[PDB]
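Use these hints to put chains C1, 5B, AC, G, E and FS with the ligands onto chain F, whose structure you have.
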Amino acid sequence: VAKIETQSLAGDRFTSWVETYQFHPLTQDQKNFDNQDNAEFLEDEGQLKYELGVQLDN
Amino acid sequence: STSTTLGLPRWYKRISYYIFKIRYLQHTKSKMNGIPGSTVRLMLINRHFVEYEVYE
Amino acid sequence: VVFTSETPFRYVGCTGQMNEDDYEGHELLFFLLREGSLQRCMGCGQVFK
Amino acid sequence: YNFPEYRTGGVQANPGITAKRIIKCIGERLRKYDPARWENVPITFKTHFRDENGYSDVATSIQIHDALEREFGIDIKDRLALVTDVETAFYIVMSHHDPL
Amino acid sequence: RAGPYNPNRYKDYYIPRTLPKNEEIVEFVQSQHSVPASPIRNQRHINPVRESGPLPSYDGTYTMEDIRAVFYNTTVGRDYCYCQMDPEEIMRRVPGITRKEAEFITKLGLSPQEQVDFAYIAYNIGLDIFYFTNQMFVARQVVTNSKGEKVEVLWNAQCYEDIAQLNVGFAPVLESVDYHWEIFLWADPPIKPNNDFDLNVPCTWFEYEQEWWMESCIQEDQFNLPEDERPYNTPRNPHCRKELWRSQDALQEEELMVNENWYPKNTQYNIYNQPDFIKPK
Amino acid sequence: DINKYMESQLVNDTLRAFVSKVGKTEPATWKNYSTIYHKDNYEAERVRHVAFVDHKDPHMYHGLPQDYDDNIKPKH
Amino acid sequence: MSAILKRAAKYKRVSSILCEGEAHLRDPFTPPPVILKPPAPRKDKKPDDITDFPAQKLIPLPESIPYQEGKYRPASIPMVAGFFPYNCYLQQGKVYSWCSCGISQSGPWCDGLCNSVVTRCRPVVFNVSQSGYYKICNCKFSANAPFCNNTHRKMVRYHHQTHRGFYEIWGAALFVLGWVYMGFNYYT
Ligand SMILES: CCCCCCCCCCCCCCCCCC(=O)OC[C@H](COP(=O)([O-])OCC(O)COP(=O)([O-])OC[C@@H](COC(=O)CCCCCCCCCCCCCCCCC)OC(=O)CCCCCCCCCCCCCCCCC)OC(=O)CCCCCCCCCCCCCCCCC
Ligand code: FES
Ligand code: FES
Ligand SMILES: [Zn+2]
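Chains as they are written, first to last, in the deposited numbering: chain F, 233 to 290; chain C1, 632 to 687; chain 5B, 148 to 196; chain AC, 28 to 127; chain G, 26 to 306; chain E, 309 to 384; chain FS, 1 to 188.
Read the hints as simulated data drawn from the structure, not as lab findings.
Don't take each hint at face value.
With a cut-off of at most 27 Å between alpha-carbon atoms, the simulated DSSO-like pairs for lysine-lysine come out as follows [what the hints assert, rightly or not]:
#1 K132 (chain G) with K235 (chain F)
#2 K660 (chain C1) with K235 (chain F)
#3 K329 (chain E) with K383 (chain E)
#4 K339 (chain E) with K104 (chain AC)
#5 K364 (chain E) with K312 (chain E)
#6 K339 (chain E) with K329 (chain E)
#7 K132 (chain G) with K46 (chain FS)
#8 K104 (chain AC) with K94 (chain FS)
#9 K73 (chain AC) with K329 (chain E)
#10 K125 (chain G) with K57 (chain FS)
#11 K125 (chain G) with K329 (chain E)
#12 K172 (chain G) with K383 (chain E)
#13 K339 (chain E) with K175 (chain G)
#14 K332 (chain E) with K383 (chain E)
#15 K154 (chain FS) with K267 (chain G)
#16 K312 (chain E) with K51 (chain AC)
#17 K125 (chain G) with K45 (chain FS)
#18 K175 (chain G) with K381 (chain E)
#19 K196 (chain 5B) with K172 (chain G)
#20 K329 (chain E) with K312 (chain E)
#21 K281 (chain F) with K644 (chain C1)
#22 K175 (chain G) with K46 (chain FS)
#23 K281 (chain F) with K94 (chain FS)
#24 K6 (chain FS) with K281 (chain F)
#25 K644 (chain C1) with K332 (chain E)
#26 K132 (chain G) with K59 (chain AC)
#27 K94 (chain FS) with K347 (chain E)
#28 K71 (chain FS) with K45 (chain FS)
Bound conformation, chain F alone:
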């Protein structure tokens, strides 16, 4: 399980517990799905290489 916290522009805060298998990475352009088990959205040091898009089935 992964807990995700977001916040709206009016200060409302939303919390959602989502199973790990729901996450599917998108490509850099976010046009197409990104291949799981082989995808580099983290640089060598370990930080985000770009704004990563992830799709959740539910």
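Frame of chain F, contents of chains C1, 5B, AC, G, E and FS with the ligands only:
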């Protein structure tokens, strides 16, 4: 008739909220019996059109 | 203790911990106090026998 | 310099000293307010401030309330209890959560 | 069909049909006044205890910040929250809870925060989580009282001011199947018990939630200054310290009062008959 | 009679600890006998007695059932 | 898994402390963080097994907290209950309870409503060495526990910096300017 309050008219405490939530989820699960799951329902809805002139 | 003269149950209304400023604690919640065990009002926790 | 104690609730921790303070302040106030009556009477813990028939005087008790308020820095609710003896004063003082 | 019935046509035995002997009357009066009588109900609260278990801690496995964070994410959907908290973690947060209770709580539809909070409440108040909510009693809770009797308490199903909306049923079901033409069948009136103020007890059934909702409706639209921006280590107030202030005269007076032979010494007359009294005037 | 007062305090502290340990709870009042001067019966001002200054304070658990042993012994 | 393990050697972690600091540094009653390690896993799992994790120090809720001399971090987030300090006359040597939660009906003082709300904010019982007029904090955020240290100005500025607070203040300003515009155009 079934009361919508499930016997808990007021959530004066959060334990009342928990009891109502548990009973409400069980009640809704029992109601949604004989109604297919999301995947099967979407499969039936998307593949509804079965009228094509030419097949392979 | 709520008394009944040989009847299995009685309607009981609870208004919580009554105070001097307001004569009632919470809203008048009714229930059917039955015979056999202790029973309590979940709104205020008052145990009825 | 004598540093005041850090631990709070010292009034409740010394019942004897609290009773001594109550006796002292009540005695001073009663001798000032009604010298013709209380200047010869020793005031101890069992001393009451009522008539021989149990009838209480409101003026004397309100004077005692003022004395206790000034001595301990408290606000005695005059409408809830009337101090007619040293025992009642002790109960009121030890019941308050901010005496000092 | 059954025939007519008149219960007054049949004898009943509530009074013995023989009269007591005179000697037996005298001996019985003597005997009953030679021993204590049975006690009569006393409604004083001797040593009240918290009805909702121990009060939440400032710091520990489970504190009040957890309760607040629970409040700010309340929702009642049509589907389960299939994200299950670890039963080991639930057991760790609430040390006394057993494995079966933690697993069953994880098998309910609560979000993990609510799962841990519900585990805390259920363990502290002795709630039975396997009790299915119906229109007779919404909950069951086994608690041992001050005499160690291990009684059970059944949280009933209630109605808001309206007996007409009350489900007067005797089945473990939610439906309203029974319809009574005569609500008070035996003419016994319902009761709204009034509580004597002198015999009240301090509120301990989740007393810390009475204003909760109100406050949480005011803090949802409130922006709080981060601790990075809140000034700290500001100069102390000149006249205030962590130790409550006592004048040196008061400290000296208490030191003098420590002595056993203390007397006011400021009286005009020797009212305490002290051998070492010097008139101050 | 200061001994009367101190013995009453000690007895009621022991009774509170014993009853709290029996019931797996905490005391509700910390007032030995209920009288209406504080109005704590129907107001929100408790008579709870828990005073300490930090997490290392030895007197943190005084007044709570955690202060007593399973034999209802006053210390630890 | 394998792809992650290939690059896991070079990955570097970052601290989880952000915009919150350490509670034990700015607040008593909070023991310093302790790393608890689990025991060996149980050979058999029984339905009636309670936890075997090492116990954790349990600090009860204090009835009230002392005056922390200029070093006061609220135990929980309080209700602001006003951005202006009260100017209250405090008597010398009299014990005052200051409302930390902010929901008290009795002005700056505690009353009893902190026991009726889910918060760790306990009243600050303090005593002044000299009677006089003091600026009692009413925003409940001041580092001086019962006194004002002009933190409410920072709170107001932060509220104005937020998007919703900016919109609210500009909406009120435009409402007042609409009133002023009507008063200015009243003779057209
Ligand atoms: C007077 C102020 C002046 C200074 C303004 C300064 C900036 C103010 C805004 C700052 C941010 C405040 C918070 C905003 C909402 C944030 C919450 C959120 O999630 O939002 C997403 C949310 C989506 O819903 P959600 O996320 O599912 O749920 C909301 C939250 O969960 C939960 O949220 P909630 O439920 O708590 O709140 C609900 C509330 C939330 O919304 C608000 O509070 C917004 C209140 C109004 C804001 C107005 C200022 C807009 C600021 C940007 C302007 C940029 C100008 C510069 C660039 C362009 C011009 C060159 O919903 C509404 O108010 C309902 C919609 C109201 C629409 C008003 C439309 C006005 C149009 C004016 C132009 C046309 C006039 C003629 C026609 C009139 C009829 C249409 O969006 C909204 O609710 C708001 C919708 C409207 C936003 C766009 C407004 C555009 C205005 C254009 C004006 C052009 C003027 C003419 C040109 C001038 C130059 C040439
Ligand atoms: S401390 Fe604020 S209401 Fe008591
Ligand atoms: S009101 Fe001024 S700092 Fe709090
Ligand atoms: Zn009730």
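Now for the hints, and whether the structure bears them out:
| no. | hint | verdict |
| --- | --- | --- |
| 1 | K132 (chain G) with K235 (chain F) | holds (18 Å) |
| 2 | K660 (chain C1) with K235 (chain F) | holds (25 Å) |
| 3 | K329 (chain E) with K383 (chain E) | holds (15 Å) |
| 4 | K339 (chain E) with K104 (chain AC) | holds (19 Å) |
| 5 | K364 (chain E) with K312 (chain E) | violated (33 Å) |
| 6 | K339 (chain E) with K329 (chain E) | holds (18 Å) |
| 7 | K132 (chain G) with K46 (chain FS) | holds (17 Å) |
| 8 | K104 (chain AC) with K94 (chain FS) | holds (16 Å) |
| 9 | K73 (chain AC) with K329 (chain E) | violated (38 Å) |
| 10 | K125 (chain G) with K57 (chain FS) | holds (26 Å) |
| 11 | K125 (chain G) with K329 (chain E) | holds (24 Å) |
| 12 | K172 (chain G) with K383 (chain E) | holds (24 Å) |
| 13 | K339 (chain E) with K175 (chain G) | holds (26 Å) |
| 14 | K332 (chain E) with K383 (chain E) | holds (19 Å) |
| 15 | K154 (chain FS) with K267 (chain G) | holds (26 Å) |
| 16 | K312 (chain E) with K51 (chain AC) | holds (22 Å) |
| 17 | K125 (chain G) with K45 (chain FS) | holds (10 Å) |
| 18 | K175 (chain G) with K381 (chain E) | holds (24 Å) |
| 19 | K196 (chain 5B) with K172 (chain G) | holds (17 Å) |
| 20 | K329 (chain E) with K312 (chain E) | holds (26 Å) |
| 21 | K281 (chain F) with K644 (chain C1) | violated (47 Å) |
| 22 | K175 (chain G) with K46 (chain FS) | holds (24 Å) |
| 23 | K281 (chain F) with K94 (chain FS) | violated (62 Å) |
| 24 | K6 (chain FS) with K281 (chain F) | holds (17 Å) |
| 25 | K644 (chain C1) with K332 (chain E) | holds (21 Å) |
| 26 | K132 (chain G) with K59 (chain AC) | violated (75 Å) |
| 27 | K94 (chain FS) with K347 (chain E) | holds (22 Å) |
| 28 | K71 (chain FS) with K45 (chain FS) | violated (48 Å) |
Hints 5, 9, 21, 23, 26 and 28 from the earlier list are contradicted by this structure; the remaining hints agree with it.
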